Structures are given as C-alpha cells and as structure tokens.
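Take a look at this one chain, the form deposited in one PDB entry, written out in structure tokens.
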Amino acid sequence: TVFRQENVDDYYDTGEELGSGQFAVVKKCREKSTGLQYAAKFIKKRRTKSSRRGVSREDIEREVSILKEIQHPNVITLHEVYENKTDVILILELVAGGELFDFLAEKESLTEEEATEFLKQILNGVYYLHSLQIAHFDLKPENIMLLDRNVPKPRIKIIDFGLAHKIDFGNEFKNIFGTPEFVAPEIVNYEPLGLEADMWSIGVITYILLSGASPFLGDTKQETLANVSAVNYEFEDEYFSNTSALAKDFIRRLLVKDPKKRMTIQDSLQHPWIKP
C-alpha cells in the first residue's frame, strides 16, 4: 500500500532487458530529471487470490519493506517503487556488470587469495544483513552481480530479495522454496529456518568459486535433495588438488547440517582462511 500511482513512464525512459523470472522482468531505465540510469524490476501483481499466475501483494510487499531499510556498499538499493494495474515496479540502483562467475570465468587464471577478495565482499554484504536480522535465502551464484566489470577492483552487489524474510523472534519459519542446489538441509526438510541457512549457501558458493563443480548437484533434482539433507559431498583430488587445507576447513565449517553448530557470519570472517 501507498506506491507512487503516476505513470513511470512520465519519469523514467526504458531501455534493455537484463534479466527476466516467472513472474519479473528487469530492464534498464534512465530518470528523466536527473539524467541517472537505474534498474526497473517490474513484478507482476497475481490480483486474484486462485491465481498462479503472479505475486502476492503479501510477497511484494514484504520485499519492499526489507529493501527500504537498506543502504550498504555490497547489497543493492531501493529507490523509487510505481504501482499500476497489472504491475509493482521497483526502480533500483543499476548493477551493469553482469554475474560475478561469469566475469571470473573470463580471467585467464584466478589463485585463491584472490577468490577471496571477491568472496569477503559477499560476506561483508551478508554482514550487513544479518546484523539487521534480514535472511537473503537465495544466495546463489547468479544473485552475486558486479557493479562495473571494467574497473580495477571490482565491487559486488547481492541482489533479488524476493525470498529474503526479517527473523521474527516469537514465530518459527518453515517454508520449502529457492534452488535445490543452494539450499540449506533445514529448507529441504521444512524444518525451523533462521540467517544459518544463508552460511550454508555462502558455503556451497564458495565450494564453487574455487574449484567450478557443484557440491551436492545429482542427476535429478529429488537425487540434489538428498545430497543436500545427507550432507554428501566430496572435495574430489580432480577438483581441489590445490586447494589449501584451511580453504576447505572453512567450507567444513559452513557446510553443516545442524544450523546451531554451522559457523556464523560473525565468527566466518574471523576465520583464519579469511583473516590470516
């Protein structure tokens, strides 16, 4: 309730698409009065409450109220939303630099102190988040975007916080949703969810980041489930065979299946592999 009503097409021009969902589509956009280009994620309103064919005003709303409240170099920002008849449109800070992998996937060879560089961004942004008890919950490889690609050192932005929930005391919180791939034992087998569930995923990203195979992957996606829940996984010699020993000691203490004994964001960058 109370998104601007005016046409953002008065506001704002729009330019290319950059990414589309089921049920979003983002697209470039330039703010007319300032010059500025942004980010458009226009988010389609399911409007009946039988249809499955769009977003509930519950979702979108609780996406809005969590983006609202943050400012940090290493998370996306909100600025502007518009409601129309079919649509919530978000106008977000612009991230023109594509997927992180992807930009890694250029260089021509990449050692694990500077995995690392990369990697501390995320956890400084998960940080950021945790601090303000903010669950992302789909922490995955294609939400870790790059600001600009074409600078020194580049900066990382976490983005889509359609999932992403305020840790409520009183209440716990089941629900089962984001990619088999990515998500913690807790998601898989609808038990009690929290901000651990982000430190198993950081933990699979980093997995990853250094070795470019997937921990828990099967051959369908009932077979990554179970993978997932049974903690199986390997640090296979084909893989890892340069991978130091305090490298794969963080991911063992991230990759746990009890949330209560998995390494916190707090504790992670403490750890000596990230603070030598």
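Positions refer to the first chain, counted from 1. Rigid core here is just the name for the largest C-alpha set that superposes within 1.5 Å across the two forms. First, how it differs from the form deposited in another entry.
The comparison between these two forms, aligned on the rigid core, picks out a single residue among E191, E93, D102, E142 whose CA moves by 2 Å or more, and that residue is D102. In the core-superposed comparison between these two forms, the C-alpha atom of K174 has shifted by at least 2 angstroms.
Taking 2 Å as the criterion, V151 counts as shifted between these two forms: its C-alpha moves by at least this amount when the rigid core is aligned.
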The other form holds:
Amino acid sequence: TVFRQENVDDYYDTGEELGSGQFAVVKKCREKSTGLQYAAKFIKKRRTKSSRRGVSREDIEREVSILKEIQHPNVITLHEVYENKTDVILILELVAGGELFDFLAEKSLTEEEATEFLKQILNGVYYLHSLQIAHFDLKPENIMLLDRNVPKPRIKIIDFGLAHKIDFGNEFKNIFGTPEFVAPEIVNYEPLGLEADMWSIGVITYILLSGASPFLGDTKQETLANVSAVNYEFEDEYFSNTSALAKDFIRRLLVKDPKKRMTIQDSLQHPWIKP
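Can I get the form deposited in another entry as well, since the one above is the form deposited in one PDB entry?
Coming up is the bare chain, nothing alongside it.
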C-alpha cells in the first residue's frame, strides 16, 4: 500500500518535538487548511532489505492498517499518512498532556487515582481485543494524557508499532517489547495472543499502586529471568495499606499460563473494578 507522496510541509507546519524513540520522531504540527493540530510521527524507512536500521515496509504497513481500524476515546486515532524516500509520516491525533510515565514521576497515587487511569486503559484494551488487536507494548510511556492539570486525567493508548491482528488465537512473529512489561510467553519465544496484554496490565497496575516495578532486576537479562519465573511479591512497605482486592486483581493477571490469566472481560467483571 502506498501513501500520500506530496511534501507534508506543503500541508502542515511542524512545531514542538514531543519525543523520539529508536525509529520514530514525533513533532507537534498544525494543518494549514483547518488550523487543527496533530502529532506527526516520522518513521524511518529501511534503505535495504537486509538492513536492521529503520522499519521494514511490512511493519510500517501493519501499524498503519491497525491504526486505520480504530476509533475509541481511549486509543490514539490516525488522520493521514504521507511518505517520501526517507520516512513514512503518520499524522496522528494530538494528545498533549504527556506520558503517564512522567505524570507518575512528578507525583504514588491513591487507589481511586490508580483505578481511574486503569479503568480507561481497560476500556481501551477491551476495544482493541474485541477487534482481535494485540498491542504488545503496553506500558506507562505508551499511555498519553489529554490534559495533566486535571484531577482525573483522560488517557489514550499510543504506539502501535508492535501491534498485531490475532486471527488464529495466536501469532508467532518476532515480537519483543520492554523487558519490565513483557509476558513470560514473550520472554520464552512462545506463540503470543491477546493474553500478553493482560500481563502487561498487571505490571502497570502494580506500578500505579506502589511506584515500584515488580520484576525489575539490575540488568535486562535479570528482569527477563524474573518475568519467566514469575519472581515478584507485594512488598509490605508499599502495599501494607493497599486493599486485598487490588492485590487479587494483580495476582490474577501476573499468571505464567496465558490460559489461566484473566481476560479483558474478566478484568472488567473483577470485584475491584466492577460498579
């Protein structure tokens, strides 16, 4: 599939850079014809087939295809796609309140504040999983706030760079995200499904409540080893006045066997969450 090959600068003016990762750089931008603001993500293309610099066209096309499907208040939306020899440029919805990661670093939350973020994440993931989309990279830095100067910030899930449509209950691709948040099936290179996202939600919940990362070791390999062995515990110093139902929620997500792990529907019916 090809994208718009006119110069993006003829239609948009760029401004503040919002951040960058290994292959993408994201800049605030404004569409000239409407004055409406967006986030332009510039994704570096592979220059040769055997290269490992840049993103393969197959991976870029998968991300765009998934993004085009989604319209939900808790997930980022895609406006337009441009490309040139060097980059594919995704014109995305602007979410300007910054990362949940940075929000947590400025402030530990209450269980109310924790559940208010978590419930939105769950609703967003419920939508994705209903469409058989596994995100595969759920973590606080991939959660963006619309406005962080409000008591109960609204959030949107971003970064669909590892996302896959799961048409057969599982996928068996490369797929490996951030060690602190990946499920044991990812660590062990086993077939992956929607269950992996639910493990990541358990990790996120643990962090939301405690300010600590449950499997984090001194090196990347230690963290991965901890994940595979389900080496975590609720430290009393962090959790002594956290409700037992909150711990039960996390406990039923941080389960090695994907089949025994809570699904997104289970998580919404869990007594800690259910109205």
